[PDB]
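For reference, the chain that follows is the form solved without this ligand, supplied as structure tokens.
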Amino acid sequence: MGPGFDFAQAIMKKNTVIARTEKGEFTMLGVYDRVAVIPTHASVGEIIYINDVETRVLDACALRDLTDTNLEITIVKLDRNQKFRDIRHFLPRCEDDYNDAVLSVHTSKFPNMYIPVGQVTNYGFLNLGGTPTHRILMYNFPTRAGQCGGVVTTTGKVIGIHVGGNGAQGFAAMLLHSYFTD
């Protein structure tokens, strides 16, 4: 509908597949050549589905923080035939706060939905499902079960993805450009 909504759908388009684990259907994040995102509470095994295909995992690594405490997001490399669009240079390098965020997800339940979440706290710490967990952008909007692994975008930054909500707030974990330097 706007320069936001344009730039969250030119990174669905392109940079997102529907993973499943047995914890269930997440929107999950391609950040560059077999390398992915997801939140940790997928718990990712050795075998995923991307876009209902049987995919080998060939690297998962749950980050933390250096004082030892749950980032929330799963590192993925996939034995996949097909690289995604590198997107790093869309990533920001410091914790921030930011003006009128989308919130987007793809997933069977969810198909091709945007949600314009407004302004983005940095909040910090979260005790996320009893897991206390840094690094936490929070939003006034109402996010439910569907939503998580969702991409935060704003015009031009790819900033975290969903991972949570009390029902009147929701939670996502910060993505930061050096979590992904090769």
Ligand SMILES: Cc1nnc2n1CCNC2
The other form holds:
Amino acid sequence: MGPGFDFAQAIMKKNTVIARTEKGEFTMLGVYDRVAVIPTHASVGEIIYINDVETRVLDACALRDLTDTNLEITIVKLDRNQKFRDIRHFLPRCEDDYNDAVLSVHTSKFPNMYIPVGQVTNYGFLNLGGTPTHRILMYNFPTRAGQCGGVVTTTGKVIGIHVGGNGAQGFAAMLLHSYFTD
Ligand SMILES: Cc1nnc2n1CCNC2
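Got the form solved without this ligand; any chance of the form deposited with this ligand bound too?
Entire complex below, previous chain first.
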């Protein structure tokens, strides 16, 4: 409907896939080449389904800050026959707060969904389903089961991936440019 949705739509159409693990279906953001991100609670194994295609996982690391605290981001390298559009130039370099964000989701259950979540706080520390977690972004929208992995964007920036909520607020793990230097 406007410039926020236009940026979000561009990321969803070219840079997302449907990832299925033994823990369910997730929005998965492709970042560059065969490299994508997914919430660590997806529990990525040796084999993952990508748009219902059986895919070998070539390498996978969980992201953790230098305090040895969970960031809730898993980076995955897929044995896929096609590269993603490189979107690393849309990743912020530093922790920040934001105006006017959209949360975008694409699953079997929630196809082509775009939520205007408004203002995004650099919240920092969150106890996330019992796990101390750093670099959390917070927005005042009552997000639900099915939205994990959902991509959080502003006009010009891909800022995070949705990892939880409490029924009043939603929470996203920051994406930073330094996670994806090759
Ligand atoms: C690409 C990339 N960046 N960090 C990681 N990877 C794939 C292997 N695991 C960790």
